[PDB]
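S.K.: Here are the chains, one letter per residue:
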Amino acid sequence: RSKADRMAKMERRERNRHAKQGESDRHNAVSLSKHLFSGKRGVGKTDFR
Amino acid sequence: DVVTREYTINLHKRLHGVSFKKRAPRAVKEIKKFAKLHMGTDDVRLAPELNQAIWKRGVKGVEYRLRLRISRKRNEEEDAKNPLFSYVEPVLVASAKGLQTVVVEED
Amino acid sequence: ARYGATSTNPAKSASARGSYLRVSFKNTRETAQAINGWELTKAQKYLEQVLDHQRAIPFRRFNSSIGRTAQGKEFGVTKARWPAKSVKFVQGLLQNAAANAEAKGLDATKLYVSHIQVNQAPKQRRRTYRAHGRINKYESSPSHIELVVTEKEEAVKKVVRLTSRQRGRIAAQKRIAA
Amino acid sequence: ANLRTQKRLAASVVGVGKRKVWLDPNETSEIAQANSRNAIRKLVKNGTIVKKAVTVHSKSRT
RNA sequence: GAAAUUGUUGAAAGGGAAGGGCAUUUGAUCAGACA
RNA sequence: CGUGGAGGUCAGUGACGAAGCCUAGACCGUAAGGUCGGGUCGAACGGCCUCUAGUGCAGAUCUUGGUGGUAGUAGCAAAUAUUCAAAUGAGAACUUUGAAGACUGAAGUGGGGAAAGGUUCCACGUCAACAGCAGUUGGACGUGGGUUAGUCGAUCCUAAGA
RNA sequence: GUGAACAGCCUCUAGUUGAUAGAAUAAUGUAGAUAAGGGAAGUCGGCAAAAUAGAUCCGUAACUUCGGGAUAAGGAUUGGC
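Those protein sequence lines, which keep their order, are chains b, d, P and R. Be aware that the first sequence starts at 599, since it is given in the deposited numbering, and climbs by one per residue. Be aware that the second sequence starts at 6, since it is given in the deposited numbering, and climbs by one per residue. Taking the deposited numbering, I'd label the letters of the third sequence as residues 2 to 157, 163 to 184. Be aware that the fourth sequence starts at 2, since it is given in the deposited numbering, and climbs by one per residue.
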């Protein structure tokens, strides 16, 4: 069991460095979001406040 | 050196121009500093009966003069302070004026 | 094993490490260079006084826009600060290295910190939220600590060529001078 | 110890809200052993948990 | 287990940038060679 | 001159250390580059005569991944507010109990429900991560327990409509 | 409870005490105020702020599709026992 319980701690490390709050946090970061960078904003109605 | 004394304390000159939501929490931090002055200790204990006496008129109606009793006592082993600590408890009196400091005798 | 480059005797030297310690790195660089090279018994009481706002840690490198205080006149720097959470780990390692020296059987009074070294660990990756739905990082900088204590040691013929003309000059003056 | 259970649980037995029930600090070991409603009836009536009767709202000036 | 980047030790320089070219001093350092 | 593979050749070098990497140590070529020593490492790789091509990068607001300066800085300031002792603990501004002080003030910070979520509900254990401070606590993590219908609903009927 | 009232303010039953904190009170801020004499001279412009306000009684113009205009304007008064 202590052989098996230490293998839970060995396999947990990679998710802790990425600050995953579980073994079930698989929220994926989009590399480049479309609304941030694709636009040209001139006189008129604009894309935000 | 166990010595129990009486004291008056002028809280009006210590709470001059203090924000109304921070008067009664500040008057508590004065007595821990005020018992540090006379007895020369850091760990100062306030009785729950004294906490009622400060806070009785809300946060913003702390009394002008209080009449305290500061008792210095021996402290227990494996405490990291030093073997002495104070203990501040209130004595209930008619008027806080007209009183000066008095050594309470021991028995 | 595999510390930094050390020039000392490994016979009379204990050591201690700390891996993946979740402190700030910029605070633990400075509270390691304040202590580097002191006597061991003087270093521990100093760190006991840093907690009580009696003596401050000087910040030399990571020190932009730090407020001033008067307690850095001892070291000659206006900028100083009292990083408390960094001291509570670093003096925890001095208690270890003092305990490691008693197992080897070294003196307590002669011992001094000779090497202390702190460098960056793998960073946390935590995220926070900003205006316009933008996602920027919000991360830590943990650090590895290692230190080595050492006893103090109470201590601190080249053949020369010359020409035949210069060989005569010494021989002539030795003949003349009484 | 942690006593959020028995504070909540004695409120259900006596039938009064959580702001009213009184758990004395001297019996901090005796109350923590009780983990059922059936023990709470015994702990109430021998005088460890009491009621704290109603705050006055007088109507004399009215 | 390379580079960016960082720590510690050691050497060196520093009056509003640094780095480069030609020549030599200074300190450190290094192979060749007479039998 | 250099790189990846091919046909030859040196009966080429190699676990007594092959490639790779580091090296203000040495030599050669005007140069692309070639050779040697030292440190690391552990298993295959060269010279020459030719053959072949997914063959050489500093730039393309280049592509994927990684790291800095700025910087321990901007900041963590709406919703009136917290205080003292005791227990628990290696540890308490933040957990639990008691004593105080206030607030929401019946178009509520209260008591239930429809969409919607799917075990969050409760107990026992327990803190590496998350809770932008902290943590002994949690809507976290680990293991289990828990929704009972002749009458409450669906099921039946029809509306605009399919 | 006050009041025309489910307004605003305070309280009882019920619930919460959560929103990073400690010390000092420089400038400039954001939010909220008061100001001698004069009263829009300020300014694109009375922007903003001040003034008036609930209630009973007296009183109400030009005009008008005769219904309105109208709370027009303006003027006296308000506690306690």
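Because the hints were derived from the structure by calculation, they are not lab data. Don't take every hint at face value.
Claimed, not checked - Derived DSSO-like pairs (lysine-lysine); straight-line CA-CA distance at most 30 Å:
id: 1; chain 1: d; residue 1: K18; chain 2: d; residue 2: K102
id: 2; chain 1: P; residue 1: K43; chain 2: P; residue 2: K105
id: 3; chain 1: d; residue 1: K65; chain 2: R; residue 2: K53
id: 4; chain 1: d; residue 1: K61; chain 2: d; residue 2: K41
id: 5; chain 1: d; residue 1: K86; chain 2: P; residue 2: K124
id: 6; chain 1: b; residue 1: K618; chain 2: P; residue 2: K138
id: 7; chain 1: d; residue 1: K41; chain 2: d; residue 2: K86
id: 8; chain 1: P; residue 1: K138; chain 2: d; residue 2: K41
id: 9; chain 1: R; residue 1: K43; chain 2: d; residue 2: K61
id: 10; chain 1: P; residue 1: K86; chain 2: P; residue 2: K43
id: 11; chain 1: d; residue 1: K34; chain 2: P; residue 2: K124
id: 12; chain 1: R; residue 1: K60; chain 2: R; residue 2: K43
id: 13; chain 1: d; residue 1: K27; chain 2: d; residue 2: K102
id: 14; chain 1: P; residue 1: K89; chain 2: b; residue 2: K618
id: 15; chain 1: P; residue 1: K74; chain 2: P; residue 2: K89
id: 16; chain 1: P; residue 1: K86; chain 2: d; residue 2: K27
id: 17; chain 1: P; residue 1: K153; chain 2: P; residue 2: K46
id: 18; chain 1: R; residue 1: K19; chain 2: d; residue 2: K61
id: 19; chain 1: d; residue 1: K41; chain 2: P; residue 2: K86
id: 20; chain 1: b; residue 1: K618; chain 2: P; residue 2: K46
id: 21; chain 1: d; residue 1: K38; chain 2: P; residue 2: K138
id: 22; chain 1: P; residue 1: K86; chain 2: d; residue 2: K86
id: 23; chain 1: P; residue 1: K27; chain 2: P; residue 2: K74
id: 24; chain 1: P; residue 1: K80; chain 2: P; residue 2: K13
id: 25; chain 1: d; residue 1: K34; chain 2: d; residue 2: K78
id: 26; chain 1: d; residue 1: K41; chain 2: P; residue 2: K89
id: 27; chain 1: d; residue 1: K26; chain 2: d; residue 2: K78
id: 28; chain 1: P; residue 1: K153; chain 2: d; residue 2: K38
id: 29; chain 1: b; residue 1: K618; chain 2: P; residue 2: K105
id: 30; chain 1: d; residue 1: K65; chain 2: d; residue 2: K37
id: 31; chain 1: b; residue 1: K632; chain 2: P; residue 2: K138
id: 32; chain 1: d; residue 1: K34; chain 2: d; residue 2: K102
id: 33; chain 1: d; residue 1: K26; chain 2: R; residue 2: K43
S.K.: A separate judgement is required for each hint: does it hold in the structure or not?
M.R.: These are the hints, each one checked on the structure:
Taking the CA atoms of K18/d and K102/d, the gap is about 15 Å. The hint holds against a cut of 30 Å. Note on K43/P and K105/P: the hinted pairing holds, with a Cα-Cα distance of about 21 Å set against a maximum of 30 Å. Taking the CA atoms of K65/d and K53/R, the gap is near 29 Å; set against the 30 Å cutoff, the hint holds. With a C-alpha separation of about 24 Å, the suggested pairing of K61/d with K41/d holds against the 30 Å cut-off.
About 38 Å separates the Cα atoms of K86/d and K124/P, which puts this hinted pair outside 30 Å; it is violated. Of the supplied pair hints, the one linking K618/b and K138/P holds, its CA atoms being roughly 14 Å apart against a limit of 30 Å. Note on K41/d and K86/d: the hinted pairing holds, with a Cα-Cα distance of about 13 Å set against a maximum of 30 Å. Using a Cα cut-off of 30 Å, the hinted pair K138/P and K41/d is violated, with the two alpha carbons roughly 47 Å apart.
Of the pairs offered as hints, the one joining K43/R and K61/d is violated, with about 37 Å between alpha carbons and a cut-off of 30 Å exceeded. Straight-line distance between C-alpha atoms of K86/P and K43/P comes to about 20 Å, which keeps the hinted pair within the 30 Å bound. Between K34/d and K124/P the alpha-carbon distance is near 40 Å, which puts this suggested pair outside the 30 Å criterion. A distance of roughly 37 Å separates the Cα atoms of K60/R and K43/R; the hinted pair therefore is violated under the 30 Å criterion.
Annotation: proposed proximity of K27/d to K102/d holds, straight-line Cα distance about 25 Å (limit 30 Å). Taking the CA atoms of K89/P and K618/b, the gap is near 27 Å; set against the 30 Å cutoff, the hint holds. The hinted pair formed by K74/P and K89/P meets the criterion: a straight-line CA distance of about 24 Å does not exceed 30 Å. Annotation: proposed proximity of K86/P to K27/d holds, straight-line Cα distance about 29 Å (limit 30 Å).
Distance hint between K153/P and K46/P is fulfilled; the C-alpha atoms sit about 19 Å from each other, no more than 30 Å. About 25 Å separates the Cα atoms of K19/R and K61/d, which keeps this hinted pair within 30 Å; it holds. Proposed proximity of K41/d and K86/P is supported: the alpha carbons are some 27 Å apart, at most 30 Å. The hinted pair formed by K618/b and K46/P fails the criterion: a straight-line CA distance of about 40 Å is larger than 30 Å.
About 44 Å separates the Cα atoms of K38/d and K138/P, which puts this hinted pair outside 30 Å; it is violated. A threshold of 30 Å between alpha carbons decides the hint, and for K86/P with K86/d the separation of about 21 Å falls inside it, so the pair holds. In summary, the hint linking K27/P to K74/P is supported, as the alpha carbons are separated by about 22 Å, within the 30 Å threshold. About 37 Å separates the Cα atoms of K80/P and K13/P, which puts this hinted pair outside 30 Å; it is violated.
The suggested pairing of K34/d with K78/d holds, with an alpha-carbon distance near 21 Å, which does not exceed 30 Å. Under the criterion of a C-alpha separation no larger than 30 Å, the hint pairing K41/d with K89/P is consistent with the structure, at around 27 Å. For the hint pairing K26/d with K78/d, the CA-to-CA distance comes to about 34 Å; that exceeds 30 Å, so the pair is violated. With a C-alpha separation of about 45 Å, the suggested pairing of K153/P with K38/d is violated against the 30 Å cut-off.
In summary, the hint linking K618/b to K105/P is not supported, as the alpha carbons are separated by about 43 Å, beyond the 30 Å threshold. Restraint check for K65/d and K37/d: the C-alpha separation of about 19 Å stays at or below 30 Å, so the hint holds. Pair hint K632/b plus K138/P holds up; C-alpha atoms about 19 Å apart against a cutoff of 30 Å. For the hint pairing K34/d with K102/d, the CA-to-CA distance comes to about 23 Å; that is within 30 Å, so the pair holds.
Between the alpha carbons of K26/d and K43/R the distance comes to roughly 44 Å, so the proposed pair goes past 30 Å and is violated.
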